[PDB]
Each structure stands twice: as structure tokens, then as C-alpha cells.
Amino acid sequence: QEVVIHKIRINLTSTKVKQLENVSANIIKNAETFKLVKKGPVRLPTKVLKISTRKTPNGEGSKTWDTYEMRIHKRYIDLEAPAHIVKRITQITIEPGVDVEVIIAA
Amino acid sequence: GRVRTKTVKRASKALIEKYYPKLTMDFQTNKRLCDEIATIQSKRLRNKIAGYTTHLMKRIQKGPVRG
Amino acid sequence: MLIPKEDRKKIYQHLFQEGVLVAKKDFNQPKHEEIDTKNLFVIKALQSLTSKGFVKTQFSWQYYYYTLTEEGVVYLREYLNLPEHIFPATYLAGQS
Amino acid sequence: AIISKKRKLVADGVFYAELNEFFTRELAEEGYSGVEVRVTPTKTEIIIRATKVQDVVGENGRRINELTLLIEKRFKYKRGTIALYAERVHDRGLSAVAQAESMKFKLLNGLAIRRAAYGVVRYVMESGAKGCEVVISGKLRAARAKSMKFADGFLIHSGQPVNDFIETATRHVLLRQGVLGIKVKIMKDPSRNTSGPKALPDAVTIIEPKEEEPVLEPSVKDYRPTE
RNA sequence: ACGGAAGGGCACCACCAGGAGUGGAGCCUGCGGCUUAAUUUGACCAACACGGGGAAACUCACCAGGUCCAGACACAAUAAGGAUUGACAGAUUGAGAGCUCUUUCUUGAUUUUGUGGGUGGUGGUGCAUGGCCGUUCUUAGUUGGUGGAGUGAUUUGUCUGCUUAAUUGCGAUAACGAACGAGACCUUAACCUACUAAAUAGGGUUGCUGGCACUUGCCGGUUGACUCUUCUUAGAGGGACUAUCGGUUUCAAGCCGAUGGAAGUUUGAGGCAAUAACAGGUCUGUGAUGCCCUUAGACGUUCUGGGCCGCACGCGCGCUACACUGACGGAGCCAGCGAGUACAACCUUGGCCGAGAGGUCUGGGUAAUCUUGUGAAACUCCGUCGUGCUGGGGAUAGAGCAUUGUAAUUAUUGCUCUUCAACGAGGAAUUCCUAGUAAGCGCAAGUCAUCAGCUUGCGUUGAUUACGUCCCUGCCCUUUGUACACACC
Ligand SMILES: [Mg+2]
Ligand SMILES: [Mg+2]
Ligand SMILES: [Mg+2]
Ligand SMILES: [Mg+2]
Ligand SMILES: [Mg+2]
Ligand SMILES: [Mg+2]
Ligand SMILES: [Mg+2]
Ligand SMILES: [Mg+2]
Ligand SMILES: [Mg+2]
Ligand SMILES: [Mg+2]
Ligand SMILES: [Mg+2]
Ligand SMILES: [Mg+2]
Ligand SMILES: [Mg+2]
Ligand SMILES: [Mg+2]
Ligand SMILES: [Mg+2]
Ligand SMILES: [Mg+2]
Ligand SMILES: [Mg+2]
Ligand SMILES: [Mg+2]
Ligand SMILES: [Mg+2]
Ligand SMILES: [Mg+2]
Ligand SMILES: [Mg+2]
Ligand SMILES: [Mg+2]
Ligand SMILES: [Mg+2]
Ligand SMILES: [Mg+2]
Ligand SMILES: [Mg+2]
Ligand SMILES: [Mg+2]
Ligand SMILES: [Mg+2]
Ligand SMILES: [Mg+2]
Ligand SMILES: [Mg+2]
Ligand SMILES: [Mg+2]
Ligand SMILES: [Mg+2]
Ligand SMILES: [Mg+2]
Numbered sequence: 015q016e017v018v019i020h021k022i023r024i025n026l027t028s029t030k031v032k033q034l035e036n037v038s039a040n041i042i043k044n045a046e047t048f049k050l051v052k053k054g055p056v057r058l059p060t061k062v063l064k065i066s067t068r069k070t071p072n073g074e075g076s077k078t079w080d081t082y083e084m085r086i087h088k089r090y091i092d093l094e095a096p097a098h099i100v101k102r103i104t105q106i107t108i109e110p111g112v113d114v115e116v117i118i119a120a
Numbered sequence: 002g003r004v005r006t007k008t009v010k011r012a013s014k015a016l017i018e019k020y021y022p023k024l025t026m027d028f029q030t031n032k033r034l035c036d037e038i039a040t041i042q043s044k045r046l047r048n049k050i051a052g053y054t055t056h057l058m059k060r061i062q063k064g065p066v067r068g
Numbered sequence: 001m002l003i004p005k006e007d008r009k010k011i012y013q014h015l016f017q018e019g020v021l022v023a024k025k026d027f028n029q030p031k032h033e034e035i036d037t038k039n040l041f042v043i044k045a046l047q048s049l050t051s052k053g054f055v056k057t058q059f060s061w062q063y064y065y066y067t068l069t070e071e072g073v074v075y076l077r078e079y080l081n082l083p084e085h086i087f088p089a090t091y092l093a094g095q096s
Numbered sequence: 003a004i005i006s007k008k009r010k011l012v013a014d015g016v017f018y019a020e021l022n023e024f025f026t027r028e029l030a031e032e033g034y035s036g037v038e039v040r041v042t043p044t045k046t047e048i049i050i051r052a053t054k055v056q057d058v059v060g061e062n063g064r065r066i067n068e069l070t071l072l073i074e075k076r077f078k079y080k081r082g083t084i085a086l087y088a089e090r091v092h093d094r095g096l097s098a099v100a101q102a103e104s105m106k107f108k109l110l111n112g113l114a115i116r117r118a119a120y121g122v123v124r125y126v127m128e129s130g131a132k133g134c135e136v137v138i139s140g141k142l143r144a145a146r147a148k149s150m151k152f153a154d155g156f157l158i159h160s161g162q163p164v165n166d167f168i169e170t171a172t173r174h175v176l177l178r179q180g181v182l183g184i185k186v187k188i189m190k191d192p193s194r195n196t197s198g199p200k201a202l203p204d205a206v207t208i209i210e211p212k213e214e215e216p217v218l219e220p221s222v223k224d225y226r227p228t229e
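Residue numbers (the authors' numbering), protein chains in the order written: chain U, 15 to 120; chain R, 2 to 68; chain K, 1 to 96; chain D, 3 to 229.
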């Protein structure tokens with residue numbers, strides 16, 4: 015008796031791209047397989063996590079710096095979909111690196 | 002300062018020596034041929050290879066050449 | 001170290017009961033966590049036991065990893081005078 | 003647990019650094035190679051790739067268990083929510099960490115420096131590697147410092163091919179007169195390097211053309227018409 | 001290796017033509033010297049706004065003092081009629097320190113005093129070491145296998161030429177095949193009316209409204225609906241390869257020009273970046289570390305206060321200025337990098353107070369959602385000033401109001417009123433830089449409880465003059481000479 019739509023939301027994170035895109039594509043394919051209405055894998059600006067650091071551990075040497083960084087890609091998805099199939103989708107197809115989070119928002 | 006170092010020249014030479022009947026005068030057709038008949042990893046190297054292949058083909062069309 | 005015997009008793013009983021400790025290197029802190037006593041003599045008592053040859057220590061990123069060897073188990077069992085058929089939580093076969 | 007997502011990823015990275023350095027400290031005698039941290043909806047699986055898997059597990063599977071316990075206290079986890087897993091290295095020759103630790107161990111037993119280094123290089127190229135290199139720096143049988151290089155095959159140095167194929171390892175060895183520094187570099191076979199490109203950037207492969215016969219001039223080979 | 005020897009090529013850490021400067025002034029900061037109890041220390045192109053070194057406590061390493069053992073373990077030794085521990089109150093102390101004493105009370109084998117040993121050390125040695133980074137060297141340079149020449153150290157391959165940013169190629173050849181470097185490669189910046197899509201981004205139509213017009217239209221508001229992805233995003237891809245053409249080239253590598261392009265400097269900018277080496281720096285980043293030193297009134301650790309900021313003086317990065325292309329008033333109103341609270345208290349809107357700093361009450365934001373369209377400065381328009389060290393310049397001081405802070409004096413910092421100094425475009429000399437570049441202008445992030453005149457990034461306005469050379473300073477290859485090899489110091 016879970017016919018009430020939860021208008022659920024699936025958001026993602028990672029420091030990589032191919033695995034995150036793969037997980038999103040599998041999520042969309044699973045949603046399409048059971049006739050689910052959705053808003054697509056909307057892309058979010060890749061947040062560049064940057065730290066500048068001096069290379070010399072002792073200050074001696076010509077002034078030389080470096081910039082380490084990652085990017086975080088988010089690609090949230092929301093579904094106007096039934097209950098059990100959505101949750102089963104969330105607990106399946108999980109890849110290390112990409113982090114899945116689910117918000118009911120009902 | 003474009004000199005087209007060893008790799009592109011040698012690859013184009015082998016491309017001509019093994020596939021002259023299929024190569025043409027046009028850059029784009031030879032680019033597609035380079036894509037399909039040879040596994041160039043990147044695409045900038047692919048474009049350079051196709052360009053030098055076209056240049057060598059034009060030189061051959063003008064006349065016979067060394068090497 | 002001068003540890004009052006009841007705090008040392010707590011150290012020993014927790015250590016034998018479950019076998020492992022972390023004991024942040026930061027001294028002078030009020031209470032060590034899941035022990036309700038000062039971290040300082042926790043570290044010192046574990047150092048004394050290691051010097052005896054009962055606890056293997058491993059320092060990495062200030063967290064003083066501690067583990068009990070078999071002679072340590074025997075010594076703790078004799079000190080805590082507990083029956084000789086109970087093993088620390090590590091020995092429990094919590095396998096796959 | 004609510005925290006900024008960028009900070010959460012930074013914490014995940016520093017936690018992986020935590021685990022890797024702690025396992026390097028502990029399982030060094032085990033020929034430790036690497037650690038993978040997989041996160042499931044319920045369990046935080048921690049796969050340990052090491053050489054002596056059976057000793058890593060220990061008798062009756064107790065050692066792994068106690069190791070697990072330490073983690074549950076190092077990060078304030080909960081029982082069952084985290085679980086270790088020991089796995090044999092796919093090929094101990096290719097991994098730089100295992101070779102560096104093994105030849106550090108061989109140095110610890112007073113084995114000849116040149117002999118150990120050359121044996122390591124020989125084994126690495128026996129494993130199928132496309133090139134190995136070892137730098138041993140320090141007080142090699144002299145008070146003055148000196149660095150010995152033992153290389154075989156070819157090792158690239160520029161471009162992410164440095165990151166993609168050749169893997170490096172740095173270790174310190176304590177002796178009775180000082181510290182020796184060990185750098186080990188291996189350029190794996192690009193054709194066998196899965197999960198990425200399978201060749202160098204300038205590696206060009208040309209498909210050999212197929213040979214055919216042209217003489218058939220008229221050759222109107224009629225098929226059965228269909229409608 | 002060097003040559004005030006030759007050949008051929010390069011470099012705004014070289015110059016020519018220039019631009020902006022510094023060096024003159026005041027100040028901030030970093031060194032030296034002096035001074036001091038200490039003014040802790042390491043660096044002297046490749047030291048000097050460097051050690052992330054913007055230190056009031058901590059930091060800390062120095063100084064005057066006061067605590068404690070955080071001396072494991074083994075043995076001996078005392079010792080359960082006390083090995084020992086701790087303390088109210090007073091003297092003592094800076095202390096509400098049982099540190100030391102007066103008295104006494106408490107505590108139970110953990111300890112106490114000796115031996116061995118072990119730890120701790122921002123103690124010494126970077127001329128014992130690792131790791132890292134810097135430099136030689138941003139140049140194009142290295143290397144070994146067979147083969148040739150040498151008795152040999154070595155040499156040829158690695159070169160007569162031309163070309164390239166390139167040991168980049170065309171080639172000639174006792175050289176043939178190869179390896180590292182360069183290139184290739186990744187990140188980033190462009191171009192995508194082609195694909196996928198979007199209430200955490202925008203747009204259209206239409207609602208429901210506001211106003212002005214009265215013609216159906218203009219500028220708005222609404223998280224009401226339908227629809228779309230051009231811009232904003234980010235994935236897969238496309239695109240440029242010197243493409244076409246014309247010159248010039250043993251007609252080959254390649255160069256020059258025009259056209260089409262978005263892009264024709266390797267498309268711009270970077271990230272990695274070879275062999276060999278320095279007695280280059282770092283023990284002061286490391287629980288990296290050998291040796292030496294110390295390890296009890298300690299060079300361990302902690303507490304209080306002071307210093308790292310003193311000042312007859314010299315030097316190095318910079319900041320504000322010397323004004324009219326300006327200062328000061330109003331008004332216009334334009335960004336892109338960021339960042340932001342949990343076991344803590346961050347970014348702050350909005351409403352009230354105060355003249356301001358600021359204060360208070362609420363509300364958002366764990367982030368394309370909220371600060372935020374960061375409504376930033378330079379800039380623009382209209383006025384006051386009018387060549388007067390003047391309304392420039394804002395240093396040095398006096399008084400007061402607040403904020404952070406356990407604590408602000410030796411002014412932390414912000415704000416209000418006043419005194420307003422030197423400074424007239426700065427000698428010798430010297431620094432950086434050829435296109436969204438220099439320069440001007442600010443903002444964000446790292447330091448951060450509070451503090452930048454610093455650095456790392458970002459964007460605004462945006463040029464003059466080259467598009468060359470070996471004259472100065474050097475670099476690469478070749479030839480030559482050398483009585484040099486710790487190599488012209
Ligand atoms: Mg290469
Ligand atoms: Mg490269
Ligand atoms: Mg100069
Ligand atoms: Mg000049
Ligand atoms: Mg100036
Ligand atoms: Mg001056
Ligand atoms: Mg001066
Ligand atoms: Mg001084
Ligand atoms: Mg230089
Ligand atoms: Mg200060
Ligand atoms: Mg102090
Ligand atoms: Mg201090
Ligand atoms: Mg003192
Ligand atoms: Mg120390
Ligand atoms: Mg040195
Ligand atoms: Mg180099
Ligand atoms: Mg020979
Ligand atoms: Mg030679
Ligand atoms: Mg579009
Ligand atoms: Mg032509
Ligand atoms: Mg480039
Ligand atoms: Mg030391
Ligand atoms: Mg000290
Ligand atoms: Mg100072
Ligand atoms: Mg400087
Ligand atoms: Mg004025
Ligand atoms: Mg903006
Ligand atoms: Mg005046
Ligand atoms: Mg600074
Ligand atoms: Mg030039
Ligand atoms: Mg001589
Ligand atoms: Mg002389």
C-alpha cells in the first residue's frame with residue numbers, strides 16, 4: 015500500500031568521472047525500465063578543491079609553488095516514482111569512489 | 002616551429018607504403034582512413050598524421066619521391 | 001608511573017575484556033575514551049606492559065595502537081583472576 | 003553526521019591516508035601492498051592486498067579481527083558496520099610497494115646491496131614488466147654518501163604515462179651507521195594495463211591490409227529476386 | 001674547463017626601440033651592525049614579505065625565575081609496628097604552587113635510593129645520512145648493444161650543410177639498429193544555435209497583479225500553469241592538421257604572405273620534465289635518522305613574566321605619495337576566482353539602535369539554493385577647489401568611543417576630532433616586461449580568536465615600442481690553443 019509517490023531525490027558525488035557517469039546511467043536505465051518519470055542527471059559545476067603549497071620544506075631555494083586539486087561532480091537526480099523499486103535501485107549498483115545519497119523530500 | 006617529429010613521419014610513410022590505393026588527396030577522407038586503419042591513441046597525433054600523409058600523397062602525385 | 005590501583009584495575013579489565021586500545025598521544029587530557037580515566041597513565045601502563053612483553057605497540061599518527069599477545073592474555077587472566085576459559089573479544093570467531 | 007560535502011570527501015581522503023600509513027606500519031613484515039576502502043549502504047569494507055595473506059589473517063582468523071577492532075576505535079565506528087578483508091596480490095612482482103619492502107627486508111639481513119638490487123630487478127622483469135629501476139642512496143660501505151642506480155629496460159619520465167604506467171615506491175632502511183633511501187620504479191606493460199589506455203601516446207599500430215584478387219571483370223552474380 | 005681565439009645559432013633572469021619602475025622622501029617588513037638578561041636561530045644569481053617566520057600568551061627554539069617525571073624494565077635495597085602519596089590553615093612565594101617549612105592528618109606496594117639500561121630533547125654535526133626541494137639548465141642535452149679506428153685513456157654512431165623552440169627533421173655517411181630527454185601526453189582558455197538534459201540556471205507564451213499610456217503597448221511583481229535549452233552548466237563527441245592558394249627552398253625538410261576560419265607564435269598558459277653533479281638548503285617538518293652531548297636544581301615537560309619589534313647607522317622586497325590625465329563632494333553601478341558552523345559555535349541577509357567602528361533581535365546556508373548578481377575599486381556624469389607644499393601628501397602625536405582576546409602597556413585592530421612632518425618626478429647604478437602582455441585598480445583564498453602594506457589566485461580599464469642582434473651579461477654545438485683538472489676565483 016505504498017502507492018504514494020515520495021518525489022524522491024538521488025544525488026551523487028565523486029572525485030572521478032567515468033564511474034560516477036556509469037552509476038548515473040545505470041540509475042537512469044533502471045528508472046526507465048520500470049516506467050519512471052524523472053528529471054535527468056542534471057550536471058552541477060565541478061567544484062575545484064585547490065590548495066597552493068610551497069615545495070621547499072625549508073624555505074631555501076627559488077620561490078616555487080604548486081597547486082594540488084580535485085574536482086567534485088554532483089549530478090543530482092530526482093524521481094516522481096513509486097516506493098520499493100526506487101529504494102531497491104538505491105541499494106544496488108554502488109561503485110567505490112562515487113558516493114550515493116538519497117533524500118525522500120516527501 | 003612545426004617540424005613533425007619521428008612518429009608522425011614514420012607512421013605516414015608506413016601508411017602510404019601499405020595503403021596507397023585507399024588514400025586520397027583530401028585531408029578529411031584520409032583522416033577517417035587513419036582512424037579506421039590505424040589505432041592512433043590521441044586525436045591531435047591523428048590529425049598530424051593525416052596531414053603529413055596528405056602532404057606526402059600530394060608530393061607523390063606531383064612525381065616520384067625518395068624514401 | 002604512580003597509578004592508583006583501581007584505575008589500573010579498570011585499564012586491565014577493559015584491555016583483557018576486549019584486547020585493543022588507541023590512547024591518543026596527547027597527554028594531560030582529562031579522560032581517555034571508553035575508560036573514564038586519565039589518558040596519561042593509560043599510555044604509561046601500556047608502555048610498562050609492553051616493556052614486560054605483553055602488549056605489542058604501534059605508533060602511527062599519534063594513536064598508540066595497542067594489541068595483546070598470548071602471554072599478555074595469560075598475565076591479564078592471572079591478574080584479573082578470571083576463569084581460564086574466557087578469551088578477549090579478538091579471539092571470538094567473528095568471521096565472514 | 004552532517005558536514006560539507008567537499009569537507010566530507012577531504013575527510014574520506016585523509017581517512018584513506020590514515021588506513022594506508024597504519025597498515026604500512028603494521029603489515030610491513032607481511033609484504034603489504036595496498037588497501038582499498040569500499041563503502042556500502044551498511045558496511046565499510048576494507049580490502050587488504052598483501053603477500054602473506056594467510057599470516058595476515060592469522061591463526062583462527064584472530065589477527066584480522068583485532069585489526070578490525072583498532073579501526074573501529076580509530077574512527078569511532080560500530081561493530082558490524084566495518085569489516086576487513088585480506089586478499090593476495092595479483093602479481094607481487096609488478097607492485098612497487100611489495101618489492102621495496104622485500105628488498106628492504108633483504109637489506110636488513112645484511113645481504114649484499116648490489117646482489118639484492120639486481121635480484122629485485124631480475125624478478126621484476128621476470129614478472130613481465132617493461133622496465134625496472136632502483137636507486138639506493140646512502141652510506142654504501144663508505145662514510146661519504148653515494149647513490150647507486152640499477153636499471154634495466156626503459157623508464158619514461160615525462161607526461162602522465164609517468165602516472166599511468168610506471169609506479170614508484172620510496173622506503174627508508176635503518177642500519178648501524180645511518181639511513182639508506184630506496185626508490186623503486188617499474189613501468190608496467192601498457193598492453194596489460196587495464197582500466198585506461200593500452201599503449202603509449204606515440205605508439206602507432208597499423209593494420210596489415212588484406213590481399214584480394216581483381217581479375218573478375220564481368221562477374222554479374224545474380225541472386226534470387228524477392229518481392 | 002677556460003680564452004679580452006675563430007665559425008654557426010639562441011635568451012627582455014641580455015641588449016637595441018621603449019613602457020613601468022627601484023635607488024631620492026615617509027612608512028611596513030626582512031637582513032647586517034650596535035645594544036641587551038635575552039634582543040633564539042638557518043640561508044649572505046641560487047640569503048634577505050624566505051623557513052608559509054602577519055610570534056602580545058601558546059607558538060618557542062632565547063632570558064629571570066617556579067613546578068613535575070611523562071626515569072619503562074631487570075636486580076639489589078629498604079619496607080606493611082609504613083616503601084610511600086597527598087593536604088586545610090598559616091610563614092614562603094607572583095600565585096588560591098603542600099613548590100619549601102610550622103605543626104599534624106590522609107594514602108596504601110603503584111612506588112622511594114643505588115646499578116644496569118631505556119626514553120625525552122626546535123641539543124650539535126645537512127662536511128655522516130634519507131626524503132624533498134633549489135641550482136648547474138629552460139637550455140637540448142645524454143646513454144649503452146654488435147660493428148670500425150686507436151696499445152691506450154677515448155673515439156665513430158652523437159656529423160659537411162640547410163631547417164627547427166628542440167640530437168626537430170631533410171639528408172650525407174663506419175656506421176646499423178635502439179633507449180631516456182624534446183615532441184607526443186594531461187589540466188586549463190577559447191568555438192560548438194549539432195546531441196543529452198535542468199525548480200540548486202536561464203528564456204518564451206499565458207495566468208494572477210502594479211504603474212504609465214490609452215490601441216492592441218511599454219517597465220515591473222508571482223515558487224500559479226504549459227513549453228524550450230540560445231546564453232549558464234557538464235558528459236559523450238566534433239574542431240586544426242599550417243587547410244587552400246601564391247611565393248621561396250640540393251625543390252626535400254621546411255620558411256613567408258594572403259584567404260577561409262574561432263583558433264595559423266607548438267593556438268595561448270601551464271603540469272610532469274633526461275645523464276651527471278653541488279660537500280648548494282633543511283637534524284628547525286617528520287615517532288626519518290647514524291654518531292656525539294644531556295638525561296634530575298635536565299638542553300625533557302609545564303607555569304609566570306620579558307624578548308624575538310630595542311636604535312648613533314647601511315642594504316634588499318614593497319606600500320603611500322609628490323597632484324589638474326588631479327583631490328574632494330554627491331549621482332551612475334560592472335566581474336571572476338573562492339570560502340563558509342558538530343560536537344561547534346563559521347558566511348551572514350533582513351528588521352531595529354549608534355554618527356562610525358559596532359551592538360541587538362530574528363531568518364537562511366553543511367552550499368549553482370543562503371551571504372551573493374559578493375550593487376568591489378579604478379571608471380563614468382555633474383559641481384567645489386585653482387599651481388598656493390594648497391582642499392596634495394598623511395607620517396609623527398594628543399584625547400575619546402568599540403571589537404577579538406585569560407590577558408592589548410611596548411599604542412592588537414577598527415572608528416571620531418586635531419597637529420598636520422619629509423616629499424618639487426629623485427646621482428651613480430639597477431630591476432621586470434613584446435598582447436588581454438606590462439601598468440593602474442581592487443576582490444577572494446592561505447596565515448586568522450583579532451591583525452596585513454605579504455603571498456597564491458581571480459577578474460576590471462588596458463597601452464608605447466619591438467617581431468631584431470650578439471654590443472654588455474650569459475647559454476648550445478663545432479674548430480683551435482693551453483704550462484689549467486681543487487679546472488682562469
Ligand atoms: Mg619520451
Ligand atoms: Mg613533454
Ligand atoms: Mg641583470
Ligand atoms: Mg633599454
Ligand atoms: Mg612605484
Ligand atoms: Mg626608497
Ligand atoms: Mg635607502
Ligand atoms: Mg635581531
Ligand atoms: Mg639561473
Ligand atoms: Mg603580530
Ligand atoms: Mg612561556
Ligand atoms: Mg613566547
Ligand atoms: Mg625558566
Ligand atoms: Mg623534538
Ligand atoms: Mg648538503
Ligand atoms: Mg634537467
Ligand atoms: Mg667497441
Ligand atoms: Mg661522442
Ligand atoms: Mg547550448
Ligand atoms: Mg607551397
Ligand atoms: Mg606549450
Ligand atoms: Mg635531535
Ligand atoms: Mg624544550
Ligand atoms: Mg624577526
Ligand atoms: Mg623576494
Ligand atoms: Mg587630501
Ligand atoms: Mg559575480
Ligand atoms: Mg595640507
Ligand atoms: Mg609572510
Ligand atoms: Mg626574440
Ligand atoms: Mg696538474
Ligand atoms: Mg688571474
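Please note: incorrect hints may appear among the correct ones.
Unchecked claim - Taking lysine-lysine and the BS3-like style, the derived pairs with C-alpha atoms no more than 25 Å apart in a straight line are:
no. : chain 1 : residue 1 : chain 2 : residue 2
1   : D       : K190      : U       : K88
2   : R       : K44       : D       : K190
3   : R       : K19       : R       : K7
4   : K       : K24       : K       : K10
5   : R       : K32       : R       : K7
6   : R       : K59       : R       : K10
7   : D       : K75       : K       : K38
8   : U       : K101      : D       : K75
9   : D       : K212      : R       : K14
10  : K       : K52       : K       : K24
11  : K       : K44       : D       : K78
12  : R       : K44       : R       : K10
13  : D       : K10       : K       : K56
14  : U       : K88       : D       : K10
15  : D       : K7        : U       : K53
16  : D       : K190      : U       : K64
17  : U       : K32       : D       : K78
18  : D       : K108      : K       : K24
19  : K       : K31       : K       : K5
20  : U       : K21       : U       : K43
21  : R       : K44       : R       : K63
22  : D       : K190      : K       : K24
23  : D       : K108      : D       : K190
24  : U       : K88       : U       : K101
25  : R       : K23       : R       : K63
26  : K       : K52       : K       : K9
27  : D       : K190      : K       : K10
The set of hints was computed from the structure by calculation and includes no laboratory data.
Hints, verified against the model:
{"no.": "1", "hint": "D:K190 / U:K88", "in the structure": "33 Å, violated"}
{"no.": "2", "hint": "R:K44 / D:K190", "in the structure": "24 Å, holds"}
{"no.": "3", "hint": "R:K19 / R:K7", "in the structure": "18 Å, holds"}
{"no.": "4", "hint": "K:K24 / K:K10", "in the structure": "18 Å, holds"}
{"no.": "5", "hint": "R:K32 / R:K7", "in the structure": "19 Å, holds"}
{"no.": "6", "hint": "R:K59 / R:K10", "in the structure": "15 Å, holds"}
{"no.": "7", "hint": "D:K75 / K:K38", "in the structure": "17 Å, holds"}
{"no.": "8", "hint": "U:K101 / D:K75", "in the structure": "31 Å, violated"}
{"no.": "9", "hint": "D:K212 / R:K14", "in the structure": "18 Å, holds"}
{"no.": "10", "hint": "K:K52 / K:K24", "in the structure": "21 Å, holds"}
{"no.": "11", "hint": "K:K44 / D:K78", "in the structure": "23 Å, holds"}
{"no.": "12", "hint": "R:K44 / R:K10", "in the structure": "16 Å, holds"}
{"no.": "13", "hint": "D:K10 / K:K56", "in the structure": "33 Å, violated"}
{"no.": "14", "hint": "U:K88 / D:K10", "in the structure": "13 Å, holds"}
{"no.": "15", "hint": "D:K7 / U:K53", "in the structure": "22 Å, holds"}
{"no.": "16", "hint": "D:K190 / U:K64", "in the structure": "30 Å, violated"}
{"no.": "17", "hint": "U:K32 / D:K78", "in the structure": "32 Å, violated"}
{"no.": "18", "hint": "D:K108 / K:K24", "in the structure": "34 Å, violated"}
{"no.": "19", "hint": "K:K31 / K:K5", "in the structure": "17 Å, holds"}
{"no.": "20", "hint": "U:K21 / U:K43", "in the structure": "18 Å, holds"}
{"no.": "21", "hint": "R:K44 / R:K63", "in the structure": "28 Å, violated"}
{"no.": "22", "hint": "D:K190 / K:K24", "in the structure": "41 Å, violated"}
{"no.": "23", "hint": "D:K108 / D:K190", "in the structure": "24 Å, holds"}
{"no.": "24", "hint": "U:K88 / U:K101", "in the structure": "20 Å, holds"}
{"no.": "25", "hint": "R:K23 / R:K63", "in the structure": "18 Å, holds"}
{"no.": "26", "hint": "K:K52 / K:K9", "in the structure": "17 Å, holds"}
{"no.": "27", "hint": "D:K190 / K:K10", "in the structure": "53 Å, violated"}
Taken one by one, the earlier hints fail for this structure at numbers 1, 8, 13, 16, 17, 18, 21, 22, 27, listed in ascending order.
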